[PDB]
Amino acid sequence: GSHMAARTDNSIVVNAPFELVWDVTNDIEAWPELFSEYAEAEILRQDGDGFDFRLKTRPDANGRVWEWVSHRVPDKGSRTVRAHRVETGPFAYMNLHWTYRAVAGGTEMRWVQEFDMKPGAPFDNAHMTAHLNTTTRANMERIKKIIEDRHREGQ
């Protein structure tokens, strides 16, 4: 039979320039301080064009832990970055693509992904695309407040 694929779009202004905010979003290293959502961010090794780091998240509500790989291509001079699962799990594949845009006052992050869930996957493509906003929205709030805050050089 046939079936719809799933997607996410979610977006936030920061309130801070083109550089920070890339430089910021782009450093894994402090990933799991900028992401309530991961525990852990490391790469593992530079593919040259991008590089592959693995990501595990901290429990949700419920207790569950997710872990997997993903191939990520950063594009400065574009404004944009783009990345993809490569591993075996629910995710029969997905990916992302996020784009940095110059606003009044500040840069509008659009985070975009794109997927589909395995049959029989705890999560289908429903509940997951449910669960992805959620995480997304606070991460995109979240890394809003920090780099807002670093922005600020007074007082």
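Numbering follows the first chain given and starts at 1. Definition used throughout: the rigid core is the maximal C-alpha set that superposes within 1.5 Å between two forms. First, how it differs from the form deposited in another entry.
- Annotation: the position in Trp98, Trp31, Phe115, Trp66 displaced by at least 2 Å at CA between the two forms, with the core superposed, corresponds to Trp66.
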Second form
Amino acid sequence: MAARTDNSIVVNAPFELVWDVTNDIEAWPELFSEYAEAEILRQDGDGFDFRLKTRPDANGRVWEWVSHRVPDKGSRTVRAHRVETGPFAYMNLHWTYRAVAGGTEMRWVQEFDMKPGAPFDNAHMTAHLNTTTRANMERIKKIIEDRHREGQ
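Could you switch over to the form deposited in another entry, since the one displayed so far is the form deposited in one PDB entry?
Next up is only this chain, free of partner chains and other molecules.
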């Protein structure tokens, strides 16, 4: 009926740094391989809306959309959803951060459903997002650990 991704990775760095790096929207084009532009459009206290524009994808297509994001550092969680859904009927995001031995575990969850007629169906988009998410989490893990190394 619906689609979902659930990926985790442990970053060998303190919560504060992991949280500050991953929630720095302006740095997303450097953190995420697929994002060319990331701009915070507006903010209503608790949350904010921001625009994302991708680099050309595996098929030479550039995508662009607006999303609503609500970070809650106190609860070490982030909630977000696409306002402009594109090929998705809907797309929700949920990130959690949990302290573990030696670092911080990040768990990213995506919940969505493809619009009938989309170029990709639930099963295939799920596989695609799992691949890109895992690669991004690994890359971000490295970037954060680089920064952590430089601080000490």
